[PDB]
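Below you'll find only one chain, the form solved without the partner chain, shown as structure tokens.
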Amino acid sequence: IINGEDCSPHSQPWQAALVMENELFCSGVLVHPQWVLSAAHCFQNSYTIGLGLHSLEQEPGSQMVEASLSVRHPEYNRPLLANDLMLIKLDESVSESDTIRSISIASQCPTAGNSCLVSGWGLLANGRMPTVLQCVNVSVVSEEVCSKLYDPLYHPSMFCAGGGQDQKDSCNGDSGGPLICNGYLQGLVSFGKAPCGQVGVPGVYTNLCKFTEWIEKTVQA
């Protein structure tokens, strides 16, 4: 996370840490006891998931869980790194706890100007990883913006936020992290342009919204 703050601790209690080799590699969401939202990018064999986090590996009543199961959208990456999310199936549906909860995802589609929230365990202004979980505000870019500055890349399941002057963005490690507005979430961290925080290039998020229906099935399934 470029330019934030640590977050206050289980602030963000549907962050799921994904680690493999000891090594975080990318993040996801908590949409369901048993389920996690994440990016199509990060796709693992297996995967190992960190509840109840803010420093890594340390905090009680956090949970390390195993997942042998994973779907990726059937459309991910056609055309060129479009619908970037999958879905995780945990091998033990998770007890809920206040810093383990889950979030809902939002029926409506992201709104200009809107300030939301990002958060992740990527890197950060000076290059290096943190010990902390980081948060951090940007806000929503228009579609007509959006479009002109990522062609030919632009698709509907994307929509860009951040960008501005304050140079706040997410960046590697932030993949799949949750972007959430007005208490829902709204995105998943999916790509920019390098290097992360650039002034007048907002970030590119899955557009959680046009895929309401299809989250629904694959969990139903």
Contents of the next structure:
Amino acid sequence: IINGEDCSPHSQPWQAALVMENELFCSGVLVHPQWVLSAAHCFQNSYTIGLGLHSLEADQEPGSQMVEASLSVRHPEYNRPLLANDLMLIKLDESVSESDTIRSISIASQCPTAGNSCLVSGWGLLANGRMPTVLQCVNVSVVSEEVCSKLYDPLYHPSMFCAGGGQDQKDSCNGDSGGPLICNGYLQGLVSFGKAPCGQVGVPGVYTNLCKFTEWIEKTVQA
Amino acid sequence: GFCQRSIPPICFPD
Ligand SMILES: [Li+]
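Previous: the form solved without the partner chain; requested now: the form deposited with the partner chain bound:
So here's everything in the complex, that chain up top.
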């Protein structure tokens, strides 16, 4: 997260850390007690998932869990066309008893609208090029589909939307993939991709457009 | 110049 700050502890209780050999490679979002959304480009044969976390380095905070997940499924149209349909569902090996610090979030029932006020969180690269130990949070605003399609020429697809791009240079970055973009209090997007470098003036980040996938997600959950 | 924002990221010629 570029130009954010430490999140209030456990204020994003749906945040999931995806780690391998105890090293984060992506985030995800808890959407039901046994289901985590993430970017399809974060796909692995197995996962260790940190829930209820604030720090990655600290001793187990009260309420935190490290849970295994051995099953996941990418959207059948991931990367067709390139970069599009960037989502997958990870099924936890055990359902989590939701608690004060581990809670699912519901997906937005409206598609993104320019001007929407959002929050993105994650443990990805900071403005200073370092990785944080503590979960970072920053505000970004949705821009119009036409802005997104111009900026991400030639690869814009309706499974994507854009947020950020402000003169404030607030953005997601490497390591933030799969994490939540919360707009008006609902899960609106997952961090997906952007231009390198992250945090350029006039260049928003790209997020998976979850409102387009609610049917697929719930069909998969119920199957 | 586009990168999928995992760590390490997945970057493309554009
Ligand atoms: Li993992």
